[PDB]
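Trainee: So you can see what is in the structure, the chains are spelled out below.
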Amino acid sequence: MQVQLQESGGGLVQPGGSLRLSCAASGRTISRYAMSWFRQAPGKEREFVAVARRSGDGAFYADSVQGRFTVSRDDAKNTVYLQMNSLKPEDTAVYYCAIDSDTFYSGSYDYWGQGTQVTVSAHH
Amino acid sequence: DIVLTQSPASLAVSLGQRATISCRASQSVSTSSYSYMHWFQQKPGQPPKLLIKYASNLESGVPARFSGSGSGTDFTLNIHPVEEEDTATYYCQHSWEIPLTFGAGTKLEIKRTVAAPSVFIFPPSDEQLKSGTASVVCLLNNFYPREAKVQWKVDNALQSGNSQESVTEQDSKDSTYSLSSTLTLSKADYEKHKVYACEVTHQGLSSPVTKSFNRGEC
Amino acid sequence: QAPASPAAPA
Amino acid sequence: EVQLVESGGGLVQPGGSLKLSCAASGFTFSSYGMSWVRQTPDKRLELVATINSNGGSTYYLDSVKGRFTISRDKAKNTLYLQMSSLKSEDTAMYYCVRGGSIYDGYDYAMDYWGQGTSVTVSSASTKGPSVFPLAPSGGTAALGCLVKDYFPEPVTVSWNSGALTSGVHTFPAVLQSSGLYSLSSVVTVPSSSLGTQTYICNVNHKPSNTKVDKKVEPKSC
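Residue numbers (PDB author numbering), protein chains in the order written: chain X, 1 to 124; chain L, 1 to 218; chain P, 1 to 10; chain H, 1 to 136, 142 to 226.
Treat the hints loosely; a few may be bogus.
Cross-link-like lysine-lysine pairs, in silico, DSSO-like; alpha carbons within 30 Å at most [claimed, not checked]:
id : chain 1 : residue 1 : chain 2 : residue 2
1  : L       : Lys-192   : H       : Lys-224
2  : L       : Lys-194   : H       : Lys-224
3  : L       : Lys-107   : L       : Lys-153
4  : L       : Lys-187   : H       : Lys-87
5  : H       : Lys-127   : H       : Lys-220
6  : L       : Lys-49    : H       : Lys-19
7  : L       : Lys-192   : L       : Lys-43
8  : H       : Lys-224   : L       : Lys-43
9  : L       : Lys-173   : L       : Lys-192
10 : L       : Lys-173   : L       : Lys-194
11 : L       : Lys-153   : L       : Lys-130
12 : H       : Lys-224   : L       : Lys-130
13 : H       : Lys-216   : H       : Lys-43
14 : H       : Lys-43    : L       : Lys-130
15 : H       : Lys-216   : L       : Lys-130
Pair by pair, the computed Cβ-Cβ distance ranges are [stated by the list, open to error]:
id : chain 1 : residue 1 : chain 2 : residue 2 : range
16 : L       : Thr-31    : H       : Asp-218   : 43 to 53 Å
17 : H       : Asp-218   : X       : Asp-75    : 29 to 39 Å
18 : X       : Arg-20    : L       : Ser-28    : 18 to 28 Å
19 : X       : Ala-41    : L       : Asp-189   : 43 to 53 Å
20 : H       : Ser-25    : X       : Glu-45    : 30 to 40 Å
21 : X       : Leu-12    : L       : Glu-83    : 50 to 60 Å
22 : L       : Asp-189   : X       : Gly-58    : 18 to 28 Å
23 : X       : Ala-41    : H       : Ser-182   : 13 to 23 Å
24 : H       : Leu-180   : X       : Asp-57    : 49 to 59 Å
25 : L       : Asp-189   : H       : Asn-77    : 53 to 63 Å
Source of the hints: derived by calculation from the structure; they are not laboratory data. For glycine and all other residues, C-beta sits at the position ideal for the given N, C-alpha and C.
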């Protein structure tokens with residue numbers, strides 16, 4: 001396993017609430033590679049959420065999360081983050097991080113985390 | 001002769017945000033009353049269009065999101081808020097003295113949300129095949145950002161040195177790109193193989209998209 | 001449409 | 001409305017001659033200095049020549065002196081560029097431009113540019129293209150025309166004679182290993198329209214006097 005990824009920070013949140021996910025990488029160092037977030041709702045295709053390219057090459061977002069979610073990186077800790085604000089029930093899903101193996105940013109997602117469950121549901 | 005140096009060579013600016021493009025002249029092109037610097041926009045497939053004259057004068061009929069400033073050697077073109085139609089190359093030009101010269105241009109990409117490519121594969125026409133050549137075309141339609149990877153597999157073998165790609169300029173309405181990859185073989189070489197596959201990756205795809213056909217199949 | 005610069009020709 | 005329409009470009013042999021024409025309308029032609037600006041394949045812009053409003057003052061790019069002549073005809077509201085002893089470096093798009101004149105104590109900006117006329121300086125022979133169909142589930146289908154093996158640029162492509170413009174991508178040409186160009190023009194439509202709606206590409210290569218309308222149908226099988 002040239003890279004292992006572990007998502008964390010998943011959990012149950014009220015609609016309107018915030019969560020910060022982490023994706024820790026072990027194996028290779030992350031500095032040279034874009035890191036992406038994807039999500040899968042129940043019986044749905046995996047869908048793109050966000051990408052943090054190398055520091056200075058910018059962040060890109062899905063239509064569904066533009067303005068509410070921010071991706072960021074800490075190369076020193078080989079970790080990437082997803083700050084999720086203004087959460088909606090439609091955001092409920094397993095969130096995955098993946099590494100783009102291609103330094104030319106073609107989306108060659110060879111390594112994936114196991115996922116972290118996010119549930120946006122009004123509760124007590 | 002005056003040299004104009006633009007910076008940066010290219011930039012991407014999120015929809016609704018400000019694009020700032022710089023032009024530096026090798027000597028002053030200003031009196032205390034006039035600055036002899038001009039700015040042009042060149043949209044894909046169009047001639048240059050005058051945006052700003054004498055550094056800060058909005059060319060009649062040009063939208064107010066465009067502005068120019070500066071004096072002496074240092075000039076700026078500001079676009080705020082950027083809109084899809086602003087995808088273009090921008091040039092500065094002075095009229096201080098003979099010869100009139102241009103900067104080398106700054107390419108502005110409008111940054112939008114991620115859109116994965118729609119993928120389509122086309123077999124060579126019977127008409128081309130008769131004539132002794134096979135052109136196989138793979139289309140990646142309406143994707144952003146621009147980076148993509150297309151691999152040809154013929155009966156599960158990666159192809160090398162028999163394909164060419166063409167990429168459209170960014171779309172002025174939806175800020176996407178489209179890409180063609182054309183695999184070219186002799187009739188003879190084409191007919192030695194069954195399965196023709198285009199395999200596509202992009203940052204907006206969770207896994208590679210393959211489009212394929214079997215030679216002769218309906 | 002401006003007066004020519006001082007560096008402009010005849 | 002200001003209009004500047006260039007003509008006279010095309011394929012010309014090294015050492016050969018061409019005369020570009022620019023028909024001007026929508027303004028008092030004699031009141032304005034005029035320029036020719038060329039754009040080379042690297043996309044750099046370079047002023048080639050300027051003529052003042054009356055024709056008594058002209059500027060030439062050093063590298064075209066003794067080769068090119070800019071002139072104007074008041075009768076015809078027409079600007080000319082005579083190009084002689086043509087070189088590889090002169091291959092470019094040539095734009096007719098109102099302004100770029102700083103003569104006679106007045107500065108007039110380059111405020112109107114024509115669509116441009118292409119010049120290709122080469123000993124290679126003209127070749128007209130072959131036009132082949134690109135023939136198609143998920144609600145959306147794609148079709149197109151492959152415009153193969155032509156010289157020189159350019160080719161133009163319309164669909165359904167200019168009635169289909171929505172979802173059309175005509176790709177930049179590629180230079181093949183053979184020194185001939187090739188492009189595709191594609192269009193996306195509802196999967197449902199195949200059989201119902203007729204789709205024809207209209208291909209024009211003026212240098213070879215080649216015009217081709219090709220019906221693009223999915224295969225009956």
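Trainee: Does each hint hold? Answer for all of them.
Mentor: Consistency of the hints with the structure:
Of the supplied pair hints, the one linking L:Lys-192 and H:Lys-224 holds, its CA atoms being roughly 22 Å apart against a limit of 30 Å. As the CA atoms of L:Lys-194 and H:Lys-224 are separated by approximately 19 Å, the hinted pair is consistent with the 30 Å bound. With a C-alpha separation of about 34 Å, the suggested pair L:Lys-107 and L:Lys-153 falls outside the 30 Å cut-off, and the hint is violated. The straight-line distance between the Cα atoms of L:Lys-187 and H:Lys-87 is roughly 39 Å, outside the 30 Å bound, and the hint therefore fails.
Using a Cα cut-off of 30 Å, the hinted pair H:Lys-127 and H:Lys-220 holds, with the two alpha carbons roughly 22 Å apart. Restraint check for L:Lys-49 and H:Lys-19: satisfied, since their Cα atoms lie roughly 25 Å apart, inside the 30 Å limit. Distance hint between L:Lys-192 and L:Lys-43 is unfulfilled; the C-alpha atoms sit about 45 Å from each other, more than 30 Å. As the CA atoms of H:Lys-224 and L:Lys-43 are separated by approximately 38 Å, the hinted pair breaks the 30 Å bound.
Between L:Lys-173 and L:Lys-192, the direct Cα distance comes to roughly 43 Å. Violation of the 30 Å bound is thereby established for this hinted pair. Taken as a hint, the L:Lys-173 and L:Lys-194 pair is broken in the structure, with Cα atoms around 40 Å apart against an allowance of 30 Å. For a cut-off of 30 Å, the pair hint linking L:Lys-153 to L:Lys-130 stands: about 23 Å separates their Cα positions. This hinted pair checks out: H:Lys-224 and L:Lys-130 have alpha carbons roughly 16 Å apart, not beyond 30 Å.
In summary, the hint linking H:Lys-216 to H:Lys-43 is supported, as the alpha carbons are separated by about 28 Å, within the 30 Å threshold. Of the pairs offered as hints, the one joining H:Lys-43 and L:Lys-130 is violated, with about 39 Å between alpha carbons and a cut-off of 30 Å exceeded. For the proposed pair H:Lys-216 and L:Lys-130, the alpha carbon gap of about 22 Å is at most 30 Å, so the pair holds. Look at L:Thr-31 against H:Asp-218: about 58 Å separates their beta carbons, and that is not inside 43 to 53 Å.
With their beta carbons about 57 Å apart, H:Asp-218 and X:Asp-75 fall outside the hinted range of 29 to 39 Å. Distance hint check for X:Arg-20 and L:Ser-28: the Cβ-Cβ separation is about 52 Å, which falls outside the suggested range of 18 to 28 Å. Taken as a hint, the range 43 to 53 Å holds for the pair X:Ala-41 and L:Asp-189, whose Cβ atoms sit roughly 46 Å apart. Between H:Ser-25 and X:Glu-45 the Cβ separation comes to about 56 Å, which falls outside the hinted range of 30 to 40 Å.
The given range of 50 to 60 Å is broken by X:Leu-12 and L:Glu-83, whose C-beta atoms sit roughly 41 Å from each other. Taken as a hint, the range 18 to 28 Å is violated for the pair L:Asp-189 and X:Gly-58, whose Cβ atoms sit roughly 42 Å apart. Checked against the given bound of 13 to 23 Å, the beta carbons of X:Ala-41 and H:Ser-182, roughly 48 Å apart, lie outside it. Here the CB-CB span from H:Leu-180 to X:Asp-57 is close to 30 Å, at odds with the stated 49 to 59 Å.
The supplied range of 53 to 63 Å is met by L:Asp-189 and H:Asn-77, whose beta-carbon atoms lie about 57 Å from each other.
Against the hints set out earlier in the document, violations occur for numbers 3, 4, 7, 8, 9, 10, 14, 16, 17, 18, 20, 21, 22, 23 and 24.
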